[PDB]
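Single-letter residue listing:
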Amino acid sequence: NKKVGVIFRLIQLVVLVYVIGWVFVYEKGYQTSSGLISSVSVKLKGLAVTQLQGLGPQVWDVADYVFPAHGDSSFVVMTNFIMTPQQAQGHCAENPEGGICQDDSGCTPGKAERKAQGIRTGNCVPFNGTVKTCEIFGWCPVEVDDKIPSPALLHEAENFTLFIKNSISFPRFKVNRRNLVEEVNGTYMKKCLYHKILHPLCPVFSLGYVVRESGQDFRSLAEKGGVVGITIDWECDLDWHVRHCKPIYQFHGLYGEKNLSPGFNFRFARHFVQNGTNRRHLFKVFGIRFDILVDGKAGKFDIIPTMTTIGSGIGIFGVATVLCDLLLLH
Amino acid sequence: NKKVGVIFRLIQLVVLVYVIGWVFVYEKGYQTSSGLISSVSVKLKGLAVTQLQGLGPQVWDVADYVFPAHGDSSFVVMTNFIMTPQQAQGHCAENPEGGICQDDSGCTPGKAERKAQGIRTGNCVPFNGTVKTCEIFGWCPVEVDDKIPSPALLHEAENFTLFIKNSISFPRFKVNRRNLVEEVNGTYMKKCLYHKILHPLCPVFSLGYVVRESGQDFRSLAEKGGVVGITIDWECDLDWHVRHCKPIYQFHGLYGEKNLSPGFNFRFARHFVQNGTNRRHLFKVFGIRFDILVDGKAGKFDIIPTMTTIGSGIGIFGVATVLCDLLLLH
Amino acid sequence: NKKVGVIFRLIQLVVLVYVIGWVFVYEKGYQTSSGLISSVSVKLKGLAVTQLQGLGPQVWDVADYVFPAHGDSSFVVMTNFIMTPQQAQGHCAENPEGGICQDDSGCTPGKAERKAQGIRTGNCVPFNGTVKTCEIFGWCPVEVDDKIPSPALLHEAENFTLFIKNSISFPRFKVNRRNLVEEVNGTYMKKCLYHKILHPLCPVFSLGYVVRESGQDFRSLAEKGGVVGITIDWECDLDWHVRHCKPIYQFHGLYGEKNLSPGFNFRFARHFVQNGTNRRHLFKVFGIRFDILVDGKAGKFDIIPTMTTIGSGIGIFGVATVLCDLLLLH
Ligand SMILES: Nc1ncnc2c1ncn2[C@@H]1O[C@H](COP(=O)(O)OP(=O)(O)OP(=O)(O)O)[C@@H](O)[C@H]1O
Ligand SMILES: Nc1ncnc2c1ncn2[C@@H]1O[C@H](COP(=O)(O)OP(=O)(O)OP(=O)(O)O)[C@@H](O)[C@H]1O
Ligand SMILES: Nc1ncnc2c1ncn2[C@@H]1O[C@H](COP(=O)(O)OP(=O)(O)OP(=O)(O)O)[C@@H](O)[C@H]1O
Ligand SMILES: *[C@@H]1O[C@H](CO)[C@@H](O)[C@H](O)[C@H]1NC(C)=O
Ligand SMILES: *[C@@H]1O[C@H](CO)[C@@H](O)[C@H](O)[C@H]1NC(C)=O
Ligand SMILES: *[C@@H]1O[C@H](CO)[C@@H](O)[C@H](O)[C@H]1NC(C)=O
Ligand SMILES: *[C@@H]1O[C@H](CO)[C@@H](O)[C@H](O)[C@H]1NC(C)=O
Ligand SMILES: *[C@@H]1O[C@H](CO)[C@@H](O)[C@H](O)[C@H]1NC(C)=O
Ligand SMILES: *[C@@H]1O[C@H](CO)[C@@H](O)[C@H](O)[C@H]1NC(C)=O
Ligand SMILES: *[C@@H]1O[C@H](CO)[C@@H](O)[C@H](O)[C@H]1NC(C)=O
Ligand SMILES: *[C@@H]1O[C@H](CO)[C@@H](O)[C@H](O)[C@H]1NC(C)=O
Ligand SMILES: *[C@@H]1O[C@H](CO)[C@@H](O)[C@H](O)[C@H]1NC(C)=O
Ligand SMILES: [Ca+2]
Ligand SMILES: [Ca+2]
Ligand SMILES: [Ca+2]
Ligand SMILES: [Ca+2]
Ligand SMILES: [Mg+2]
Ligand SMILES: [Mg+2]
Ligand SMILES: [Mg+2]
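Chains as they are written, first to last, in the entry's author numbering: chain B, 26 to 355; chain A, 26 to 355; chain C, 26 to 355.
Errors might be hidden in some of the hints.
Note: identical chains are not told apart, hence a pair may lie in one copy or across any two.
[What the hints assert, rightly or not] List of simulated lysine-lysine pairs, DSS-like, C-alpha gap at most 30 Å:
1. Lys199 with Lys27
2. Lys140 with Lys199
3. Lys136 with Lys172
4. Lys136 with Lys216
5. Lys28 with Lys53
6. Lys172 with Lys53
7. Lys27 with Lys216
8. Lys190 with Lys68
Simulated from the structure, these hints should not be mistaken for laboratory data.
Based on the sequences and whatever the hints tell you, model everything.
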């Protein structure tokens with residue numbers, strides 16, 4: 026029958042167009058992919074002044090709120106902190122959340138099994154006028170974290186300027202690319218701010234813009250802390266010029282339930298010697314966690330992939346025709 | 026032929042059952058796989074007090090033995106240290122491991138090519154009563170690390186509490202998950218220790234338990250340093266509810282030969298100004314290296330993968346039937 | 026026909042040799058692959074003395090130029106720095122690049138929108154004899170980074186010694202390997218330096234050698250900063266003995282445009298209390314960025330992969346015969 030032959034030729038044409046227009050065009054079968062090597066260097070340029078009761082004005086420059094000062098990919102930008110000044114080792118009362126004692130016999134000398142704050146001397150001393158806590162041996166100025174300021178201390182960090190410099194290189198093709206594309210120039214970086222539509226190539230990112238693009242409010246996030254994920258994808262075709270190679274920035278919001286362990290926080294201390302006595306300043310820093318992950322691939326024409334793909338296509342076409350014949354006659 | 030037909034029916038049934046069950050359900054062919062974006066937050070809550078000879082009791086807290094303040098995937102917990110207090114830059118004797126001089130003519134003005142300890146002035150000064158070393162310019166108190174304390178100074182760091190906060194999100198499926206699963210509540214985190222048999226979901230990990238689960242004894246690993254690797258896997262089946270997916274924690278121990286480079290150690294210093302003179306304290310810290318690696322895969326039903334797998338199965342089935350016929354023919 | 030039979034036999038033997046030698050032996054189809062986990066430990070043994078105008082001789086040791094104290098995969102080695110000493114918070118003039126004022130009416134009280142240096146009081150004060158800058162609130166000794174010393178302050182860091190400790194393990198096969206191979210003994214590390222041909226397994230890497238093998242001159246990188254990528258690959262066959270497993274060390278140079286953001290730079294501060302007043306030292310460090318990435322794969326014989334490869338090979342063989350027959354029919 027002529028109709029059977031027409032259907033067979035239609036199936037043959039369909040599979041013959043499919044194999045090429047998919048593997049070669051859509052999937053880039055003739056190209057070869059290699060993993061890149063990336064190093065992320067970040068620089069923060071902004072200032073936030075925090076004034077606390079009983080203390081003088083505090084200046085927080087880049088070195089302050091950026092704790093990974095060595096330009097690590099994963100960095101934390103300080104937005105709120107609790108400061109305990111002039112901590113010195115000695116005999117003093119512990120925190121009330123650790124334990125509450127009504128008499129000296131209640132306290133037991135030794136180390137706490139869980140959440141240890143200090144070596145208990147064995148006496149019950151008044152933490153304040155109302156309650157009494159067991160005396161411990163440690164930094165005497167207590168780190169009270171029960172009161173967290175509702176307005177963020179470093180609330181100016183919302184609309185700061187964040188510079189991200191990423192250099193990627195493909196070892197297979199020996200091609201090195203950087204996020205500073207040829208479209209970006211020196212005068213451009215002076216005033217540009219990153220935008221998904223307006224300024225996609227501008228390497229200067231606003232912290233508030235980055236947080237809002239991830240889906241999180243900066244005000245609520247700055248109080249308790251947060252995690253923001255930044256991904257840079259390098260998808261380019263090496264058959265074209267290297268000018269077309271441009272990085273794509275995607276912001277992902279890493280958050281969780283506020284009822285259980287809200288925000289991100291950590292503690293660091295600055296050790297100094299004053300009046301011949303070793304003292305330190307303890308800060309419970311509530312800051313946003315920024316993680317930068319770079320992944321990408323580059324494709325360039327090669328004979329071996331093209332040949333293998335041609336062979337696979339022939340095999341698919343041959344199998345399809347034989348299978349069609351089995352369907353037609355059985 | 027009847028037997029040929031029976032063999033063909035059997036082969037067809039076998040290959041059909043295979044292509045319908047294995048690749049479809051066992052391999053999750055109908056589902057699509059994607060990656061996740063992860064960020065690890067670690068917190069150490071523990072207290073260790075060391076009483077070095079000739080010094081006062083030293084208290085170590087979270088800011089002390091956790092050298093990464095913000096908290097990275099790779100962090101070191103201090104277990105043993107060698108302290109060289111009050112280092113000042115001047116002309117003084119070097120360490121005997123560098124070289125031993127019997128006369129002043131032996132020393133040469135310059136710097137050593139390998140393992141340089143300072144700028145040699147060309148003079149031979151007695152390091153102690155017995156031997157003499159060439160005078161160098163630098164920190165006069167040399168870190169004498171020939172003697173390592175047999176009992177770990179921070180031996181209490183064995184059964185401390187370690188909390189790991191991991192937030193993973195899949196971009197294509199827009200699903201965000203955290204290690205704090207629905208089963209874990211606020212009261213649960215108050216009193217729980219990670220036990221793979223009893224408490225697999227408890228996010229609080231005991232350091233000694235983590236070290237023992239890696240195949241290493243904590244005492245020798247602490248007195249000399251070591252490396253412990255922790256992996257978190259997120260295998261989720263998005264066809265079910267999100268509560269079904271739970272993180273799986275695996276502890277792998279990274280160890281080497283004790284004869285060559287035993288354990289892990291590093292050098293850090295704290296700079297201070299006392300009596301108008303710049304001084305520092307040098308610590309040779311022997312600590313366990315903890316690395317957190319998070320990798321996961323999620324699969325959800327989709328029409329395109331299902332269709333491709335069905336088509337592939339038909340092709341495999343078709344090839345198998347043709348092959349069976351050829352085998353029967355010959 | 027005889028020639029048709031010869032062509033058929035030739036195609037048969039060709040596809041047989043292919044399926045038996047390429048996908049089985051050359052590609053190790055019978056083996057199975059599993060990813061490894063790695064933790065990198067780095068240690069620098071070098072000393073550089075920098076003499077600056079006004080300040081005394083400054084001695085820099087391992088703890089100094091290596092800012093990551095514990096030691097991560099990404100670390101910075103200080104090669105050049107700009108030191109601003111005795112920074113104290115107060116009302117004082119800003120940098121000329123931030124803004125130049127000719128009258129007090131020009132300055133406006135507030136903070137700069139971009140690249141803020143301090144809180145402008147609103148009075149134009151002379152920065153020096155010629156120009157005047159608006160008075161700001163912050164660290165009064167301003168970092169004047171316009172003048173970069175042409176000779177690197179730390180140029181001796183070229184031919185220093187760098188030791189990399191990498192411990193890898195495969196969880197599937199429970200085999201742990203370290204970069205210290207059995208050929209590397211204790212006496213070997215004392216007198217070996219890494220080379221591509223001479224000492225491929227020596228774990229001591231010269232910084233200048235690493236920089237030069239990446240295609241970069243050490244002086245240009247020491248002047249304005251640099252980024253160097255190190256990759257350690259673990260390609261071994263677990264069918265052989267573990268002694269054959271040897272890591273491969275190669276260095277990748279992440280080049281950057283000289284006119285736009287040359288090199289890598291960062292800023293850190295050391296806080297100290299002197300004479301009861303809080304002061305700090307600000308350093309703008311132009312240090313080379315060293316990134317270490319480990320990617321390895323191990324293969325061991327298994328029955329399931331061997332069977333699948335045999336089956337796939339038979340399928341390819343069958344398809345080829347059918348295709349050949351179709352061509353003969355045509
Ligand atoms: N966080 C940032 N916000 C805005 N601009 C930045 C930021 N980081 C860098 N830049 C600009 O990018 C250009 C190149 O930066 P580079 O790494 O050379 O720093 P630099 O110019 O050496 O240091 P500085 O900016 O302190 O002079 C500089 O002109 C700088 O003004
Ligand atoms: N390493 C740890 N060991 C034991 N419990 C921990 C640890 N880290 C956090 N937790 C507990 O988990 C709960 C939620 O964690 P969260 O991030 O709120 O800590 P936190 O309350 O800020 O720390 P802290 O209890 O020191 O004030 C807290 O009540 C805390 O006590
Ligand atoms: N960066 C380096 N350059 C040259 N040799 C090194 C380097 N790091 C380590 N070594 C050598 O490797 C040997 C073993 O190092 P290991 O990790 O045991 O340090 P250590 O001997 O405990 O401490 P240190 O080497 O600081 O005295 C040492 O004898 C040392 O000489
Ligand atoms: C004393 O401290 C406890 C701690 O919980 C607090 O509840 C109480 O109000 C304090 N009393 C005074 C008088 O400050
Ligand atoms: C937002 O950016 C503007 C820049 O025009 C700045 O004036 C403002 O202070 C920023 N907001 C916060 C909360 O810092
Ligand atoms: C600077 O870069 C921008 C990119 O948006 C471009 O439009 C502009 O022409 C560039 N300036 C010069 C002087 O080339
Ligand atoms: C002097 O130092 C050397 C260094 O190895 C040591 O061997 C020797 O015992 C020391 N002598 C005394 C008396 O401490
Ligand atoms: C082990 O844990 C127990 C908790 O009951 C604690 O008392 C003990 O001190 C721990 N061991 C060490 C060596 O710290
Ligand atoms: C707390 O979590 C545990 C998980 O093991 C659960 O058994 C317990 O019921 C939870 N407590 C409450 C009050 O829900
Ligand atoms: C004052 O500082 C400016 C800053 O650009 C500089 O150009 C000028 O030469 C300086 N004048 C003197 C006398 O140092
Ligand atoms: C290069 O290495 C040699 C070792 O013989 C050393 O003397 C020299 O100072 C090194 N060069 C630099 C610039 O440090
Ligand atoms: C030390 O290692 C080297 C590796 O190059 C080897 O040639 C030498 O024989 C080893 N020394 C001893 C004493 O085994
Ligand atoms: Ca650090
Ligand atoms: Ca890291
Ligand atoms: Ca096929
Ligand atoms: Ca001080
Ligand atoms: Mg608390
Ligand atoms: Mg030593
Ligand atoms: Mg500048």
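Results of checking the hints against the structure:
1. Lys199 with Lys27: Neither: 56 Å inside a copy, 51 Å across copies.
2. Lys140 with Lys199: neither (53 Å within a copy, 35 Å between copies)
3. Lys136 with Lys172: both (26 Å within a copy, 28 Å between copies)
4. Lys136 with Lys216: Between. Shortest inter-copy distance 17 Å satisfies the 30 Å Cα cut-off; intra-copy 56 Å does not.
5. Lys28 with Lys53: For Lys28 and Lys53, neither the intra-copy (35 Å) nor the inter-copy (39 Å) Cα distance is at most 30 Å.
6. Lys172 with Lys53: Answer is neither: 58 Å inside a copy and 50 Å across each miss the 30 Å cutoff.
7. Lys27 with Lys216: Result: close neither inside a copy nor across copies, 70 Å intra and 80 Å inter.
8. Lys190 with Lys68: both (8 Å within a copy, 26 Å between copies)
Consistency with the previously given hints fails for numbers 1, 2, 5, 6, 7, ordered from lowest to highest.
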